[PDB]
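To begin, one chain is listed below as structure tokens, in the form solved without the ligand.
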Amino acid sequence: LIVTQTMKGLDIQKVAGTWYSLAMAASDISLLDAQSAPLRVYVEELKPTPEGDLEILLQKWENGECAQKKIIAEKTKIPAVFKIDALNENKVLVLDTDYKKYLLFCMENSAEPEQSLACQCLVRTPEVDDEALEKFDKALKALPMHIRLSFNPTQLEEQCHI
């Protein structure tokens, strides 16, 4: 937990459904450069199981394909942290989400937080919400982010964002 901010009272059942990864920032340029970057992933939908786990359907550039992956985020004791498995075990921290418009989340790594941590600004619609990106930038002023990608509405609608 290098990330100091976290959602209190998260109703994971309420973040269910579809999302666009409007912004992404990483603590390392190398995590977000080419589309093949290891953290250049595009959320599509968030499926919370009844048991409380969180399915994430994301797009991701695999080879020359915009490949669609599905990652399962297991619940933890903290309602706002989830545990994707398991090259190393990565936490998925939810920082802020009004459920209806935006959702700020970060994945870090337990074994190396500062050298690999990506955060993202999800939004419900394919618009450019400045109130959302501002909150995103507020949350990141305190983090060691070295790359900051931002997409345009027409990019949001294509797969893997172009």
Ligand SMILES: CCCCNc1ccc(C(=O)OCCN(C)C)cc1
Second form
Number of protein chains: 2
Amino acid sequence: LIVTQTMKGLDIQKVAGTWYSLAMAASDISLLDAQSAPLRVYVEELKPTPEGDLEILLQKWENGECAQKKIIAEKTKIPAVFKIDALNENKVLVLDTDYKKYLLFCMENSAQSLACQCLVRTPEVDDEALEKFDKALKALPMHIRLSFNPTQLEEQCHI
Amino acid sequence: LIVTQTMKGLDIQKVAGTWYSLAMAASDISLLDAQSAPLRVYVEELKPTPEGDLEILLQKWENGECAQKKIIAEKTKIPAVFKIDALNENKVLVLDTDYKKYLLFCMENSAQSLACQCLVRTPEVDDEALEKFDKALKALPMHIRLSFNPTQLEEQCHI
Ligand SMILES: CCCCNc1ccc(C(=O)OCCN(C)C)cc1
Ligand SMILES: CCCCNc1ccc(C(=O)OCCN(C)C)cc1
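Starting from the form solved without the ligand, produce the coordinates for the form deposited with the ligand bound.
Now the complete complex, all chains and molecules, led by this one.
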């Protein structure tokens, strides 16, 4: 209920597969500043379950190393909106996707912390996907933005 | 010779005084990511010498603490262009300023490392100064952008 762009007509099954975290942004610098910042997460693959939950594979820098992680985001009554079981509840929103090239999502908590990423299908700089991302962000109050080049995208934890 | 926007008609004497580093961007993430990143520098005051050199007072996080620093940027034959005596030579460029509200500058080295800041006169979020900054940046290949809120701007090293 900060983010108010969601994608109409979302077919979750078609976001399945390989993704690249091409750009990220967050509402506070410390959500992304360091390599082990809480929301510095690199997406690897999306696996929707037949029941419509979303399994997420990614990487994080945690213990001085690049570690694998698996998250499950459970479906809500809103197709573009999912829920992650954390200590405090955390909504995931799909803002926009064309399935075959890019996907924009944000994660936020119910009571002013927010992070969004531009996911792309391949290790290339997609200018217009980043345009769509920047348009979606201009509303939101972001204070850090990160972008990765094709070299880093082919590296674990984008080193 | 990456940055090709400079300000025509620059009167260096009139940038004198109090500035706030409202936003920064850099060509590589590690130039700004951590609190002690090499180019995470917060500008405090500009002091042009009568001879047209530029003294710069600022703060940096260095030794686990917010430390004062003084730099002098020496004039060149180009009024919007200055030079800092480092190990390797480092050009400072004034892209644009209206003297009384904002100033945009970049620093770069002669052989693909680059950082730019939006300096403002007061601890307020100046939307159009940030617009001008974002327009100036769209050309350049930046990969990290940081923005500070009025609270942090009134704090040493923007904590
Ligand atoms: C279309 C859905 C893409 C969403 N991908 C996501 C990626 C990461 C997260 C997420 O919550 O990661 C941060 C928590 N880590 C540190 C345990 C949540 C969703
Ligand atoms: C209009 C001129 C404003 C320029 N202000 C500047 C601020 C900082 C620097 C600069 O070089 O700072 C980084 C080097 N530190 C870590 C020793 C260079 C110029």
